[PDB]
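Presented as structure tokens, the chain that follows is alone, the form deposited in one PDB entry.
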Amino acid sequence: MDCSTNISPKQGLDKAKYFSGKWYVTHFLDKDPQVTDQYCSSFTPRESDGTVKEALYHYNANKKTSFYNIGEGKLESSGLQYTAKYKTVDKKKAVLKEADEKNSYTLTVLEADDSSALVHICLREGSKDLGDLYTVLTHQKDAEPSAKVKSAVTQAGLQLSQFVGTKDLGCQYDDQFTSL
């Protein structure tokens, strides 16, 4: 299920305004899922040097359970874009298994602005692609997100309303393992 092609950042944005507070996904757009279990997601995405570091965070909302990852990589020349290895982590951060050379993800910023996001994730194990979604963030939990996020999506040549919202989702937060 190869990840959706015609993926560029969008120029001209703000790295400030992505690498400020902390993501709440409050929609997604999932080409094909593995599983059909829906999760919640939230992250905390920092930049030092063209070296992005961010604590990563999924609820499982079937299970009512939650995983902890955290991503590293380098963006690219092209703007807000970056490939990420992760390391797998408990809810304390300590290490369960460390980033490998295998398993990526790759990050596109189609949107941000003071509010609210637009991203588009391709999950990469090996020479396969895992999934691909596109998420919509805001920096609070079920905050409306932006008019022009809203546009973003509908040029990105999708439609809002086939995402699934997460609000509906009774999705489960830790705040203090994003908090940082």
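By rigid core we mean the largest C-alpha set that fits within 1.5 Å across both forms. Residue numbers count along the first chain shown, from 1. Compared with the form deposited in another entry:
- Once the rigid core is used as the reference frame, the Cα position of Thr154 differs between the two forms by less than 2 Å.
- With the core held fixed, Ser48 shows a CA shift below 2 Å between the two forms.
Provide the structure of the form deposited in another entry, given the form deposited in one PDB entry shown above.
Below: the lone chain, stripped of partners and molecules.
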């Protein structure tokens, strides 16, 4: 199941509302039904003169394990969207493995406001796509997304009822890692 070819970023988004603070995934939709594990994630994206770099955390709620990454790439000219290469780091941001240039993720921002955002992520590992992933983001763990971001979900052709809510999963975060 490949990622969709019909994803595009929202025009006119203030990139300032996106590349701010830290984000927590409050709700996610993975289109591939062959997955079992559920995750929590938080990340801190930053941008300077067209270059994006972000510190990323995942917690596998089923296996009770976590992993850390640093992603980097360039903003597209055309809207709020980037394809990143990523390295694997430990919790103090020391590099464990440098980026495998055959892997990447493309992150497309569909909405962003002062409290909330909606993004699409297509993760590719060599030939293989992990399929569409949509994530509703908030700055405050277990907060509700804004009405604007909830509208963006519907306008993306999705239904919020179909997303997994992470606030109930028993997430463990590393707020040290995502702060600054």
